[PDB]
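What follows is a single chain, given as structure tokens, in the form solved without the named molecule.
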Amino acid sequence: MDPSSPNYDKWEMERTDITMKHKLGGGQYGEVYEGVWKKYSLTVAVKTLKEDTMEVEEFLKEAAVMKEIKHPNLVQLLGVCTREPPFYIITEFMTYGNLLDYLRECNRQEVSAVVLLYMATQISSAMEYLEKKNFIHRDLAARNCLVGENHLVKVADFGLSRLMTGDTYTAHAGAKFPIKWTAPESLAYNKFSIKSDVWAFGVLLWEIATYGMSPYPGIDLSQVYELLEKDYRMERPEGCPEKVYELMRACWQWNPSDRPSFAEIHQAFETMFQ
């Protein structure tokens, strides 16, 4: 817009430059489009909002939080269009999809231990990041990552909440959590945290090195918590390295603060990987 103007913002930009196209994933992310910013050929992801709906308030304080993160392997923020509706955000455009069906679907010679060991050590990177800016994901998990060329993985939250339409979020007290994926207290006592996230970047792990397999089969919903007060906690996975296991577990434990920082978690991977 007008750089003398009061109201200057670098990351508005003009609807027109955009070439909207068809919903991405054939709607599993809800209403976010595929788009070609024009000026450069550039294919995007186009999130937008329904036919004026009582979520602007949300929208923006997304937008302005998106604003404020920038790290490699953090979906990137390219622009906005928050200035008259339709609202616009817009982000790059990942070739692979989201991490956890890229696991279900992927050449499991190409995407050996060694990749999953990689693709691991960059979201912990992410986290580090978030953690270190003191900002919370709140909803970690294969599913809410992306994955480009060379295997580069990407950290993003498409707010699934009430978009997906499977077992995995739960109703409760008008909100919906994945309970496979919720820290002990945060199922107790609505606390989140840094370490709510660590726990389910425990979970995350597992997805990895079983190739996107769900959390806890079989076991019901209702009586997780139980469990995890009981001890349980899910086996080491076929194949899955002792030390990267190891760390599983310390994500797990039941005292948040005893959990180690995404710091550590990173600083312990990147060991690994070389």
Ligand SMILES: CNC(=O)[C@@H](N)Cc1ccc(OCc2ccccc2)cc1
Contents of the next structure:
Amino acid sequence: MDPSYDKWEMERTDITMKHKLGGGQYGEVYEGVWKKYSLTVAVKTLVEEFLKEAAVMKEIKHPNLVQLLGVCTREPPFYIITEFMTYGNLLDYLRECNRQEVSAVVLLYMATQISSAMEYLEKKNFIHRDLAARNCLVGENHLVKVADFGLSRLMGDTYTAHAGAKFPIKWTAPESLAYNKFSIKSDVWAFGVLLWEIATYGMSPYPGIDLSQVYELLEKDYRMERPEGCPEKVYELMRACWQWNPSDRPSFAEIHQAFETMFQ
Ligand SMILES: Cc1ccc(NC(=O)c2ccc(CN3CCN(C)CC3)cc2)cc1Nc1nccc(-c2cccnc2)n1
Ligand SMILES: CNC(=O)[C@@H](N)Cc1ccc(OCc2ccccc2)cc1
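Starting from the form solved without the named molecule above, please write out the structure of the form deposited with the named molecule bound.
Starting with the chain above, the whole complex follows.
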């Protein structure tokens, strides 16, 4: 548009829509080419929830959060356009990677990048609410960005029903399960599970544990065991993220500083 206004609004026809991304696992999200820049992009298409997501994305900018490039929200069909990340979601990436290439230090790097995005969300007073390897993307040179694919009602037993809502029970903090309280500290809990996913090259958390007994075990102080090869200090960080009282969990500022330190 013309300033004589929303700088994010773009020309629908600047983009050649191609096929639905990841064989339909993200819902209405398409591979596209932003012709003017010769650039492959991801395009989410369709209201209030959709317009609210666009508004949030215009408020966030960080090298490890997926980057909004533009929107088409004047008339339907509405688009939200972001960069395309070459290697796809982190969960699949970890399962399928060359483990000699994706060594302990690369896992350290992925965790540091994600804690950096989370320290930024925290500073900005945002809550992710669904942090997990399936909502992270991998680009070149093991670049990792945090995203939010609205996976609740797309995805098996990863999400399970609660009052109109579906929750990923094995990523969900005890106070979220019991009182529907979500905060940056419930993201800290989820981050601990994400760290376990990273450490195990993408294994499912609480393997074989039925969902109905997760809260009970947590309340009895059960926590997942240290993964083979996970350094003691990284496991100690995981366990701190899984403190029963949310006020006892570290901040993302602290977590990131602890990884930044190890990484350096
Ligand atoms: C095309 C698009 C549209 C919207 C979004 N949105 C987000 O990723 C996102 C990230 C953070 C927030 C912050 N938010 C704070 C408030 N709480 C409640 C929710 C989280 C919101 C949206 C991403 C994308 N990108 C996207 N989506 C699906 C798949 C892919 C993709 C797949 C494969 C390779 N490259 C990219 N890329
Ligand atoms: C001299 N060498 C050293 O000091 C190494 N111990 C440095 C180092 C510290 C932590 C690491 O973490 C691996 C990891 C992180 C996140 C999730 C799973 C695994 C890796 C290397």
